[PDB]
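All protein chains of the complex are present and in place, except for one that has been dropped.
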Amino acid sequence: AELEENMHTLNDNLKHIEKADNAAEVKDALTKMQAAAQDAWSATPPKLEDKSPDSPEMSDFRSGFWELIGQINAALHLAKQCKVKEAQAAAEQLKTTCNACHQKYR
Amino acid sequence: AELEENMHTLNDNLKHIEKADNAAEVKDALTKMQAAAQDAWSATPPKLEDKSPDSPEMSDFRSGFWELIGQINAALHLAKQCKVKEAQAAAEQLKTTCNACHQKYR
Amino acid sequence: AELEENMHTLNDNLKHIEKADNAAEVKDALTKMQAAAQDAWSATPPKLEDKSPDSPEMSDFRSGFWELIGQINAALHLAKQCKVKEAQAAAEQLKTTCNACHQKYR
Amino acid sequence: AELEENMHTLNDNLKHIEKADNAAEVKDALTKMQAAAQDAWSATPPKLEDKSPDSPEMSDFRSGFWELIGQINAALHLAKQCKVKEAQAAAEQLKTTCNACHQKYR
Amino acid sequence: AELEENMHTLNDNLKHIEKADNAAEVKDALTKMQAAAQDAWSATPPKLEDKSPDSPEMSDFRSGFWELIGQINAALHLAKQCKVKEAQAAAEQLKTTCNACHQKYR
Partner (left out) sequence: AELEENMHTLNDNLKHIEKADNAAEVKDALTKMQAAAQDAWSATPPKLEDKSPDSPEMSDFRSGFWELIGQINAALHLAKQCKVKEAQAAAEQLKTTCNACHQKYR
């Protein structure tokens, strides 16, 4: 999908996680988030169209999705442990990574 | 899967592409390669276990899979155009990227 | 996904079909369209939140996706016959069905 | 699949749900039911082959699968809440919807 | 699925192959056949419920699906070579294997 649709997927599933009433919903939403972040990490955003693939900006953009995906997976592990509230709190913390990328490259 | 199993998947499917007799086989194998490279780009290899995630080494390791995946996708586009020989030749060129990573980090 | 994300999926894949250079791309995009239309036909749109499920409006809304999905499948059959231009022309004709629903319920 | 195979899938999975000993089995079976009902709602049954797609009969036939799918999803939510007995009881109630369609159109 | 539903899947997809107008349909149907045969080879049929798993009957029953799956895959290879008529003729030949099993164990 387009990068912007991956972003809508990330945003909508974060909301599902916040309002989830059970572990299965949190796991389902985190899985959809892992997939969207995977589809996005290789894209090139608008504000970076004019840059060498090896530009530290592109490398930094990637690192951001690398960090996000690591955090998504850690929250998913908590959900697999049936620690629903802890998984939801970890999902909240993701937003720091969303925000840090958006501040630089959105 | 473990990083080493992703590597076996990449290696075996390159061989299928070389010996393929039709576009469907080349597409199938390139698809399996995209998936293995996706599963690998987030891993941390042995020779790099002692490094900051932001270490230019980890960033470089990622860039290598970024490059590989771009080339896999370009070869896949050729196969979707039914340009089997051209796709096979592009698959050959991938090995430069395999080799460059292995020289540094394997 | 939310109804609005199904709509983004339909819109983006129509654009891929228009600019496609081969049958595989058209088939891939039509498949993603079938799936989005399937995810949408059971939803309830905003302008209809206040209506009996059996309201002729909800029945009409459904009929619209029923028609759309039939047309998506017919275009997909053309693509499976490798009739790329004909499939692209059929994809264009879909927009009449998009438009007719939007005029009533969007 | 043919409409009659979707019906066999619905019937067999209802039986699995009745005899299930755990939530995972109920969820698995309800998921297979959602998929079969999705594959069926767009079909046209024998006793209706001679009717305008907009015939209130075809619209009614669709509404029946719309209702069924809503009930399947509600039972699935109960199973995700680990309310196995409640999910099984909701699966029983589905049969009212099966029966009402069959009385008219089977 | 139940063994009898795997059999319905095999039967219906053979019919799709006979009436197919393009390679994609033949491949799609053969793929569904491979999956049904995979789901069946491990089952135990009624007329054999009273037999040691190592009974030469169970071993023979398995061999039959082993043979069938090999033939399904060979027909699929022909379809990937875009040899539609040859794939359809190979699909016809499958029925010898269906028949031989049914004569013994159905």
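Things to note:
We call the chains A, B, C, D and E, going by the order they appear; numbering starts again at 1 in every chain.
Assume contacts are C-beta pairs under 8 Å (C-beta built on N, C-alpha and C of every residue); 3 or more make two chains touch, one makes a residue touch a chain.
Note that of E:11, E:59, E:93 or E:96, the residue touching the chain absent from this view is E:59. Across A:11, A:81 or A:93, the residue that sits in touch with the chain not pictured is A:81.
Residues touching the missing chain, restricted to chain D, are 21-22, 24-25 (touch as defined at the top).
Although one chain is hidden here, its contacts on chain A can still be listed: residues 27, 80-82. Residue-level contact of chain B with the missing chain is found at 1-2, 5, 8-9, 12.
The working rule: only the chains that are shown with their structure count from here on.
Checking A-D, D-E or C-D against A-C, more than half of the residue-numbered contact pairs recur only at D-E. As a whole-number value, the distance joining the C-alpha centres of chain A and chain E reads 43 Å. Chain A and chain B have CA centres that are 24 Å apart.
Within chain E, no positions touching two or more other chains are listed.
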